[PDB]
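Novice: Next come the chains, spelled out residue by residue.
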Amino acid sequence: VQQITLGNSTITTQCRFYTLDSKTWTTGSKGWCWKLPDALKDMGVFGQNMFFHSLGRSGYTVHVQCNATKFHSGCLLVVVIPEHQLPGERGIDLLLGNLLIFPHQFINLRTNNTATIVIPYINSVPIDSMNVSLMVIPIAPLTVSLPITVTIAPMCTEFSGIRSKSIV
Amino acid sequence: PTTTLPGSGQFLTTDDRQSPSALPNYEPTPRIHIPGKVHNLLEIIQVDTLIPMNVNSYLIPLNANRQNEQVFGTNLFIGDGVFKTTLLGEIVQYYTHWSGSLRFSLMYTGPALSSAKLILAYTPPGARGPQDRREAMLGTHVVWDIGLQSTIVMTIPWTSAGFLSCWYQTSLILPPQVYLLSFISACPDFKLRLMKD
Amino acid sequence: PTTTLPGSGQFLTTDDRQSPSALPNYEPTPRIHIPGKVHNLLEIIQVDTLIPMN
Amino acid sequence: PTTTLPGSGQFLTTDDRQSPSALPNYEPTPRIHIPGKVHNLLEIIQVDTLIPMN
Amino acid sequence: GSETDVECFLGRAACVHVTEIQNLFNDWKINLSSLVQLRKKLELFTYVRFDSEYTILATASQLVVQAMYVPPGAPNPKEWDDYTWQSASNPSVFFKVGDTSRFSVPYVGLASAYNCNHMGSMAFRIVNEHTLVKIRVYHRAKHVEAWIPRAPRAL
Amino acid sequence: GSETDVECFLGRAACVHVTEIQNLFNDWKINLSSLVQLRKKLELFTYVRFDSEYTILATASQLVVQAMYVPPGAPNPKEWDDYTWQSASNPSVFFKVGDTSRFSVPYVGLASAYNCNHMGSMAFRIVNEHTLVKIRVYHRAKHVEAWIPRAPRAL
Amino acid sequence: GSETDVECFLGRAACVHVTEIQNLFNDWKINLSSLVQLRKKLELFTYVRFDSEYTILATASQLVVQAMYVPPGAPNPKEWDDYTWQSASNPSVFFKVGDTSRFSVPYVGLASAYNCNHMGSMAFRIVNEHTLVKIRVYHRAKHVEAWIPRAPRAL
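Chains as they are written, first to last, in my numbering: chain A, 1 to 168; chain B, 1 to 197; chain C, 1 to 54; chain D, 1 to 54; chain E, 1 to 155; chain F, 1 to 155; chain G, 1 to 155.
In case anyone wonders, no lab produced these hints; they're calculated from the structure. Treat the hints with care, as some may be off.
[To be verified] Simulated pairs of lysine-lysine, DSSO-like, Cα-Cα distance not exceeding 30 Å: (1) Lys96(E) / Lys142(F); (2) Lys134(G) / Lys96(F); (3) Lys142(E) / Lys196(B); (4) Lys78(F) / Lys78(E); (5) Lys23(A) / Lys35(A); (6) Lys41(A) / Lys23(A); (7) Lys29(E) / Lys196(B); (8) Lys134(F) / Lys78(G); (9) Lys142(E) / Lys40(E); (10) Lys29(E) / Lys134(E); (11) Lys78(F) / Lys40(G); (12) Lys40(F) / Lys37(B); (13) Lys41(G) / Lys78(G); (14) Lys84(B) / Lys30(A); (15) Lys29(E) / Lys78(E); (16) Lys84(B) / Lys191(B); (17) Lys196(B) / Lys41(F).
[Said to hold, decoys possible] Here are the simulated distance ranges between beta carbons: (18) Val118(A) / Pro52(D): 51 to 57 Å; (19) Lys196(B) / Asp16(C): 43 to 49 Å; (20) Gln10(C) / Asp81(E): 34 to 40 Å; (21) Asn31(E) / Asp132(B): 44 to 50 Å.
Where is the CB? At the ideal position from N, CA and C, for every residue including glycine.
Construct all of the structure, not just a fragment, from the sequences and the given hints.
Specialist: In structure tokens:
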């Protein structure tokens, strides 16, 4: 219904949930950018498996929710770019019209306050050393700041068999 | 017994032919299932992209205390003007004859208590753009209550370009500037005929 | 194993032959039904015309 | 009636092709059963050899 | 009675354009109205649809030739070091001087037939860097269809 | 609608590299990013898998040409009397100056597609011992597969 | 795994002999031990049976070439006006200078395989009477059979 529980975590919105630090959307902010899995390199048990195993493979489900009242205006564009080119769990605090080609889900405070994106593993090799970058851009400015919460759930994750192989 | 006819040993850049391999007997790196395979270019021009009509150049400005006035007005020439940088107009630049129907969409971003009635008028190819709300309302048009519907999706008729404008029927009722976002794409009947450089 | 016979690489203006296209993979402007299609020249010399006799 | 396409009379070292014999109608020294025929190189790299480790 | 057929009457190779290059370039907008012996037979029909076969003959006097076709609505080359010559979209043929090349443009038009109409243009250069070559292009109309017989022109 | 297919849109012969040899050698590491008209159309897809057809045109000005392909991870020639030219492992083609050669390298990569990536290198020499030759190589992408459409580059 | 097959590993065209004639002659006793890159791969097998394909390339610098094969146990030419050149028993090929010839000697031996062995000899002359031509012969082993793998040579 509205209480998705995954592993030892529980979230309310409409394999565990890692909630990154809540960002403050002020009227002059350009947006934010989080490379994956780099945003989870320090994130408990995932950060340990990611460092310990030489190669890995993971999908992600990103829930971006902006807790606010029904009085605020403005809209954010949450877009995931595969293989973005020229930070940790703190992200990168910051043509645009063409970014809609990439999987996206506009949040518009007038109508919506949540966006959910299921990201599959996208690479030119089946397994790789631990790739995609999530960006949150405020398009229409905020008229009354408002908190932005990013929740990443890595799912369907596999890692290499080496260091666990017996030589007999 | 054979005879060589005219045009022998000529090199036509567009002549697709079989040829001997430099390194035969080589098995190349296997093919894996990467999602989102693009089979035809006509399937990626069909996705909505923002129109740089006016970050500030994608926001169509709406202001209070203005009635019977015009919000925006544009030609529909996909080759040049506001459409040039959109994915549709940046891929119609590689073909001489673009012929088909389009999808024009809008979204209001102001507060939830705000309301206004905006009329989105379509002027067909060959005619002159409207200079009054009456001219716009008399021709093709959709009256759109912004408060009731956040998003309005138009479908421009078959073309091979016409004008398209928006007018305030009622002034903006702001609660105690706001913006429209415009998007463009092409319907599945849109063709693309002759290549260019 | 072949041998080129006399008259190879010659250009006869009346030799009707197939040839490679400059721009292949192009669908040209469709064919519509225009009335009065002239299939043979022998069918338009059969119509009466005035004689400039005087 | 044929037309020579680009890359005619070129010599690619890796182009495996049939060719006329210098001396045809010659029966060469017969084939005898020598043991240990190596059919693939991947079957002789599979045998243990010492490592010059020290 | 095969000689009264419109493929026999109009579909035969004639010399449509003759130019001369140096070692710089020449572009000809395709117009079959330049040859008055082909125009006199073609302007007795209003509309005509036909593919084409261009046979280009190059002869030297005191080398490679790049005869590039240019599709309708595409820019023509202006010099001999332009970017149009290197452009991939426009087809081209590279043949030695003294022999002949042959290609076949499809029916390129906007309406279903030409009304005696943008056929395109051919540009000619010699590729060698740091002799006068005479170029003769012979055009042959293919798969012709005619549709309204007109009065023949007298003047 | 055959012109919107990715074999029609990307699979056409363009001039990727132009060099000049003397009677000594030139090696070009294969990079289709050097031609901005092919890179602008190819860099709107992340990954792309394609075989190749190289058509080399050699023209003289004031002879045999040894255009040798070099597989990814193999050394390039450094002089005009090197041992790489005589090496059996690297393919080569010997054609006369004035006409053209044509060969077809298969998809040579380490990953299942190139991400716009070691394609190899071509080295060019003229074999005669004791004139300036201009070499134009035209590449055509074959059996293309694309997989993630990107936003087109504006700058 | 087609590249580990002995027809793929040993059966590829390499430059086995390079000589120069004048307008007088040169004879080379066939020995694939002269090329150390082919001998290093062939001397890891005791016995080997293979037919052959010789592709001879002739290039001039400042004409016809008579590359005659000589079967095992037959005399070689000693001058450029000898009787061996006119002899019918020994095969020969007459090709113009600048292009290449190609022939295919069968497995010529006395034992059922060569032990790394009389392959014969090739003699080269230019036929014109009253320029320096460089001859490169490329040999390709065909239908190869190997039979006792040896330790690879280190010195």
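Novice: Please verify whether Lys29(E) and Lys134(E) have alpha carbons no more than 30 Å apart.
Specialist: Cα-Cα ~18 Å, so holds.
Novice: Can the restraint linking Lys78(F) and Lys78(E) be considered satisfied, given a maximum Cα separation of 30 Å?
Specialist: The given pair, whose Cα atoms are some 39 Å apart, is violated under the 30 Å limit.
Novice: Given the hint that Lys142(E) pairs with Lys40(E), test it: the Cα-Cα distance must not exceed 30 Å.
Specialist: holds (18 Å)
Novice: Between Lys84(B) and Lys30(A), does the CA-CA distance stay at or below 30 Å?
Specialist: It holds: about 25 Å lies between the C-alpha atoms, which stays within 30 Å.
Novice: Could you grab the alpha-carbon distance between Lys84(B) and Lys191(B) and see if it respects the 30 Å cut-off?
Specialist: Measuring from Cα to Cα gives roughly 18 Å; hence the hint holds.
Novice: Can you confirm whether the C-alpha distance between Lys29(E) and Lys78(E) stays at or below 30 Å?
Specialist: holds (13 Å)
Novice: Measure nothing beyond the straight line between the CA atoms of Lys41(A) and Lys23(A); if it is 30 Å or shorter, mark the hint as holding.
Specialist: holds (19 Å)
Novice: Range first: 34 to 40 Å. Now tell me if the beta carbons of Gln10(C) and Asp81(E) are that far apart.
Specialist: holds (36 Å)
Novice: Quick check: does the Cβ-Cβ distance between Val118(A) and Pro52(D) fall within 51 to 57 Å?
Specialist: Holds, since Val118(A) and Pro52(D) (Cβ atoms, about 54 Å apart) stay within the stated range.
Novice: Evaluate the given range 43 to 49 Å for the C-beta pair formed by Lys196(B) and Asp16(C).
Specialist: Violated, since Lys196(B) and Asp16(C) (Cβ atoms, about 33 Å apart) do not stay within the stated range.
Novice: Quick check: does the Cβ-Cβ distance between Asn31(E) and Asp132(B) fall within 44 to 50 Å?
Specialist: holds (48 Å)
Novice: Mind checking the alpha carbons of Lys134(F) and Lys78(G) for me, to see if they're no more than 30 Å apart?
Specialist: Violated, at roughly 43 Å.
The structure is inconsistent with the numbered hints 4, 8, 13, 19, although it conforms to all the rest.
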